[PDB]
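All protein chains but one are shown in place.
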Amino acid sequence: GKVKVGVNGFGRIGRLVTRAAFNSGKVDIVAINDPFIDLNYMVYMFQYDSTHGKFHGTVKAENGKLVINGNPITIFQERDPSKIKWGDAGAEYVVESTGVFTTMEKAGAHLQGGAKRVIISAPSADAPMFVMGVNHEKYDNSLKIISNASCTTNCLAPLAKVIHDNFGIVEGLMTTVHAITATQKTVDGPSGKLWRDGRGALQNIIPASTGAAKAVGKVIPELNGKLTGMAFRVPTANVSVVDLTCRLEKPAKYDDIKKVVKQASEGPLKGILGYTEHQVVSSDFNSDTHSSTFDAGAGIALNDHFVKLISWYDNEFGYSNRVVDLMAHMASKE
Amino acid sequence: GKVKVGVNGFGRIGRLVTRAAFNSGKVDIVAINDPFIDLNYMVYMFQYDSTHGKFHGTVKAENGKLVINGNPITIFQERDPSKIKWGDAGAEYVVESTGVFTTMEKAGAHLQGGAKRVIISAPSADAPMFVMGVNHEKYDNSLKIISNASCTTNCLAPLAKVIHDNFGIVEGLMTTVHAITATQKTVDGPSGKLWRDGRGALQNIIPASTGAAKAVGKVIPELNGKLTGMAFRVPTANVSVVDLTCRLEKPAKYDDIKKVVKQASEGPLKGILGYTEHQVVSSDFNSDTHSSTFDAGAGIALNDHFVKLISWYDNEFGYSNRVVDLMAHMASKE
Amino acid sequence: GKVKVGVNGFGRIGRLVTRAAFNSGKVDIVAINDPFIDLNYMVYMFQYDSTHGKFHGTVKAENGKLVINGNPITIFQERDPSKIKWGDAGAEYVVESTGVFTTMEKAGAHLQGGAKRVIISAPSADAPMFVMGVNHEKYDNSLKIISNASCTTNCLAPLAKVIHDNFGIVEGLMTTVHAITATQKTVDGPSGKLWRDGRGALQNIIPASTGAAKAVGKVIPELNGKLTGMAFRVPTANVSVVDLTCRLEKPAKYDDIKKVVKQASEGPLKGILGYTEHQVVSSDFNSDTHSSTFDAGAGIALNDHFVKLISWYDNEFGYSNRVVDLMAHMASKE
Partner (left out) sequence: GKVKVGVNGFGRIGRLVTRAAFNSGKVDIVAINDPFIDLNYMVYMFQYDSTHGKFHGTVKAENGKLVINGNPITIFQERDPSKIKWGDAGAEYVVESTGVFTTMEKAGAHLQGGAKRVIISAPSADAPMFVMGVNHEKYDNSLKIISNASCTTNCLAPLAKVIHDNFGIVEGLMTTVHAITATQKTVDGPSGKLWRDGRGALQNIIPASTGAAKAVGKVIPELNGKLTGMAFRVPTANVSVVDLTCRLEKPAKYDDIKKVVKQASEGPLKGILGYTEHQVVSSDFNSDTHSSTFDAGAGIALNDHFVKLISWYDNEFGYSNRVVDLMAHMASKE
């Protein structure tokens, strides 16, 4: 149901979760905290988007509040999350989207300000992790601090679930060809901890490490220790693709894989896992809200036990909608 | 002393084979045929290159000849390859680089004009196929029409050879993240036979088919039927990467894989297979003449029998230098 | 009672005129001719668009007809325009969008098949030229073959009209920073007539010639011989900008220029000439149907008689909508 939500951070994830909330109408955004972006600039950042276009609606600054579609939103400018007066603003759930308070200890600071539950929109080292359609039924009311995993884990886990349930994944190695992100540089610049990530994003294919495939073993415990992978950052603004190479236990002809994935996309994973037989390219998934879309034509099987499965994901819009979906699911269990 | 070479086609491959021949000095280009590009335009196309820079030397049109570094080259403008007077121009070997005469029957037309041997700089449905460092010792003087396989086969085969020789490849699936090519479109355009390839190259990650992994099974017969793969075209002008996910027969710790690849790069495959432990990105391989460069840091192993190996290749420069190397080898056997 | 339209050519202009016709609902597309693109491929090309997104509606092939939003469209595959049965399909006006039948003689072939009028969606060497909001009132029922000028002319002419009407343009020089087009190459390739245009579109800023400023003197005869310009093609998939540097007769303070442009955008040029004071960038105009949008903030004046005026244009959508608007106007005059 329509729970009141607070968003910590108005960066790429925070703005798109706010966007998804107003577009879907599943939740009500009532407060936003950002100590670095003032109200007039938030109006501009929310109104215009290079990737997803101008917001379909109205965005104004009125009496110190951000008014989206006539709905006023309280704006906070606190650096310390324990100082945010979430309860005063009426925010029941808080989306922790800054990327710097991902442990339960750090994310728990929001409970001090009056928030009832915290949803970390990033992987967490210790919080319970969820992927809608995969393990969201393991959520219960005793859980006050949870994580929605990453955009990549949300793409891989629904597909891994269907393949493992039907044929059994003996082992798998994944590659994600990922669009550019805010942490990258326009030209060769400093990135002290991750040297390759400092190289010009526009000119390069950049290998990167990702714990997304390993994280699938947390949301699907039977796949713990059976998956790992890496990423390549390429010069596209949005939409990424997962390439899963795996060994199956039971033999599976490629048409049998297509059949079970199509069945899952039409039934229990409708809206989360998509299925296509069309000649799609990455831009066909811009602003697509699925977590994962299986590309039947792009995948290839060496034999009945060794296949490469391809799945597209709008790394911005799929994930943002899953955060709203997770919160709406949580509200139904209150 | 060096073999005199004729080049059919002054497209991307033809110009870069000509550049490799003058840069390496291993062979002498004496004739070029192109029915659509006149002498003045050939000077311009060879002199300036967006990817590899201005040619390191002199290029001018003098008395109807293309003069590169003081060497005059006879220019032909024939549409029918059987009409090119290669013998008159002194061209002993002909590089068939147009991409439209890839069968032994079609490529054989150059023998009518006086050429002694033909090297198809592309895969052929029936010509004997070679990869330098892998099976070039299987070449013999009776072979008048041969193929140098594709750029991607030249990246995968040297790495597959080392891995198979030391550990044994039970099976493998490859993905190549490939730079854009001349067959792609700037904006969504017609590509009747391959619909995805007509979509805008600048805006998209495009899945594509490739027979390069399967072709490794022809150059390394022990791997016949054991490898397959696909490609993703991404918006970079040059430099591609191979991602080989394979299952090994003998156990191999990742440090053992690094050791054998490094050994091969320093010895028998020197200049063909490279090895790096540096934090490299694609642009670090621009104008690199190796067929394949193993990126030790980028690869990942799930266990001692299931690994993902990463190898970079300048899809233009590496291959064009191998065409010149193959010719130099053929000349030594005359 | 909307006019029934036939579209010759399903290239980027033809598809976008069809998309504009269904989106605006001003005209009814009843027939499309393209000898190289079959019905199944037309569904794909219309449905998916890298730049403007998936078509918002339904598009399917049903009993040899292209059905868009339940409206069946007859499909022809004729190479000779005089052989197209436009009359049998019910097409009253024909949009000549192939770019190869731009003279009165060539475009007139469509009248043989039963079309009543022909609108060339490109500049013509001899047909009367129109720009909506500038000289569309000079159209009369005796004109069976007309031209809608080019996208750059449709951007410059509405702005030049307002400036000349209020202050008088003594002389002007225009630069257009233009997005990439279908005539460009992905990598350095052959472009025999225009050498710079063959260079890789993704890697370069390419200077190019344009007769668009000179052609403003044909639609606004008072400006004949007073304007010229050039273009720079840059690696963006869509949206271009005009930069008009002109010498004014009457003194014009920058706030007076803003006032008259804003007035025109709200009144007679509503929908054609836009006006903004927002901090916009090119993506803010993606799928914007205006011919020209004056950017108040980007412009600069040296003195009251020498200014640089900036106007954005979606080179694809704005022009397409003007083709539809021109045909709707012609229909009102029947």
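Order as written gives the chain letters A, B and C; numbering starts at 1 within each chain.
Heads up, the rule we're going with is that contacts are C-beta pairs under 8 Å (C-beta built on N, C-alpha and C of every residue); 3 or more make two chains touch, one makes a residue touch a chain.
Only one of B:24, B:112, B:166 or B:286 touches the chain withheld from this view, namely B:286.
Within the set B:54, B:79 or B:193, the residue that contacts the chain not displayed is B:54. Within the full complex, the residue among C:173, C:182 or C:260 touching the omitted chain is C:173. Listed for subunit B, the residues touching the missing chain in the whole complex are 44, 48, 50-51, 53-54, 278-281, 283-284, 286-287. Touch with the hidden chain on the side of subunit A covers residues 11-12, 36-38, 41, 44-45, 48-51, 180-182, 184-190, 192, 195, 199-204, 235-237. What subunit C contributes to its contact with the hidden chain is residues 171-173, 175, 177, 179, 195-196, 199-200, 203-207, 226-230, 232, 234-236, 239-241, 243, 245, 247, 279-283, 295, 297-298, 300, 302-303, 306-308, 310.
Following the convention adopted for this analysis, only the chains that are shown with their structure count from here on.
Look at where the CA atoms of subunit A average out and do the same for subunit B: the two points lie 40 Å apart. The distance from the centre of subunit B to the centre of subunit C, with each centre set as the mean of the Cα atoms, comes to 43 Å. Chain contacts: subunit B has residues 195, 199-200, 203-204, 235 touching two or more partner chains.
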